[PDB]
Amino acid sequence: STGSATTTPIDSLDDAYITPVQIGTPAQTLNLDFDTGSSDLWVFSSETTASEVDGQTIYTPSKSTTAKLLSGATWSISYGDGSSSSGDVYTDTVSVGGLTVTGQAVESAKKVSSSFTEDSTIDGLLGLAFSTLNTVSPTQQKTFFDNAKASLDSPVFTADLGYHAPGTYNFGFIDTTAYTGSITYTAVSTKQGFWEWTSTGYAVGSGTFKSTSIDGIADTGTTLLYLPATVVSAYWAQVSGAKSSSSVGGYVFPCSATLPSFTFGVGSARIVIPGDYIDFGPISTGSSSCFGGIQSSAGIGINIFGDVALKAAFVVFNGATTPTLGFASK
């Protein structure tokens, strides 16, 4: 089997991407944030505290003839940005782009933190990291990809995120018309539950490439590119007027600037992030200070290849017995 679904930016900055997902019988379609940095499929629901729902589409398990309460199971998750959610668990039929899993754990939110409430465009998350990170207790549950893997033509999914435009998540096949050149594959460590890999270095603009190992995670659920402070300082030093602002919470730059590109290494191959992809716009409405798309990871504990980096590439998440990642230009 295979599946193919279009993923669409939620706003004009590409802050996140939503992909329609069918849950239950008859289908209830919710727009979920596919997140290769987490491993829970959770939804706004008829159980979510009413004051914490503000425009999202909800899953109502009582209207699904295939929903079953997973007795005793609860979940609770906290994300790198400080947001959180928690609730109970149903199993139900879940389809993505024509690919159907029966018995998928659908984690129904009883509580969500303010940032989820305030984002009316995201109806929940669909985790695509390794199932060892799934938070369901007392019986940990499998991701959608883990459940589908054996049925797929090939045990892979691909992320093809657009810049200010729709893109595609495919399951079970690699669309050879979706990228240019060849795909370079690189080793993955699953020890932390992430799609964790080691970039071979970087370049700023037309500068020379610096060979240096940068361990980090391929995370579709993080907006920006978070890298060591040395690397980030070298990038922003090429932008007149750029500075790190403690009050804003990162590097800012004059909105009048033209940003240089940023290149990262994948083995001997190179992925070029155009400068425009690094512009996240005014820090507040009407400001001439703009927020940068490359930021320091020094306070995180891990480097994160988020959407800024991933949307410059066609990315293969290879879930074979020894997982690997593949990157191609496009």
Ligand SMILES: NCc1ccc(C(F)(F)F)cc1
Contents of the next structure:
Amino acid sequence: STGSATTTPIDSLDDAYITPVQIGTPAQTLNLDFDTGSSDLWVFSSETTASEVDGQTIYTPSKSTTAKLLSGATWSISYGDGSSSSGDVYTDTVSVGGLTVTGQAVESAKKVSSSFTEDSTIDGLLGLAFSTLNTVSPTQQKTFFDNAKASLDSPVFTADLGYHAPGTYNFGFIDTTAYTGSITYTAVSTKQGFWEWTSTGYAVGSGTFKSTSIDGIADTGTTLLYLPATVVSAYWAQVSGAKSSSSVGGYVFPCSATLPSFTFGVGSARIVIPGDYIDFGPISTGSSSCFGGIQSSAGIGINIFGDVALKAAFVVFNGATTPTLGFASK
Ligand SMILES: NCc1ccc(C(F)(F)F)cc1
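Having seen the form solved without the named molecule, please provide the structure of the form deposited with the named molecule bound.
Up next: the whole complex, starting with the chain shown before.
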């Protein structure tokens, strides 16, 4: 089997991407944030605290003839940005663009943090990292990809995020018309439960490529590109007026600037992020200072190849017995 679904940016800045997911019987369509950095499929629901729901589409398990409460199961997750959510669990039929999983764990939120409440476009998340990170207690649950894997024509999923435009998530196949050149595959460590790989280096604009190992995770659930301070300082030093602002919480630059591109290495291959992709608009409404798309990972503990980097590539999340990552220009 295969599955294919369109992913759409939630706003004019590509702050996040949403993909329609059918849950239950009859189908209840919710727009979830596909996240290769986490492993919980959680949704806003009829159980979510009323004051914490503001515009989101909810999952109502009582209206689904295939929903079953997973006895005694609870979940609670905290994301790297400080956001959190928790609740109870149901098993139900979940479909993504033609691909169906019966008995998928659908984590129903009873509580969500302010940032989720404030994002009316995100109805929940669909975790695509390794099932070792799933927070369901006392019995850990599998991801949608993990549950569908054996049925897929190929044990893979692909991420093809658009820049200010719709994109695609494919399951079980590689669309050879969606990229240029070839796909370069690289080794993955699953030790931290993430799609963790090692970039071979970088370049700033038309500058000399620096060969250096950058260990990081391929994370669709993170908006920006988080890299070592040395790297990020080398990037912003090419932008006149750019500075690291402690009050804003990162590198900012004059909105009138035309940004240089950023190239990252995948083996001997190169992925070029165009300069416009690193512009995240005014720091506050009407400000002439803009927020940068490349930020330091110094306070995180890990480098994050988020949407800024992934949307420049056709990305293969290879779930073969030894998982790997594939990147191609597009
Ligand atoms: N990295 C996962 C993630 C996804 C969405 C959000 C937000 F912004 F919707 F709250 C936070 C964290």
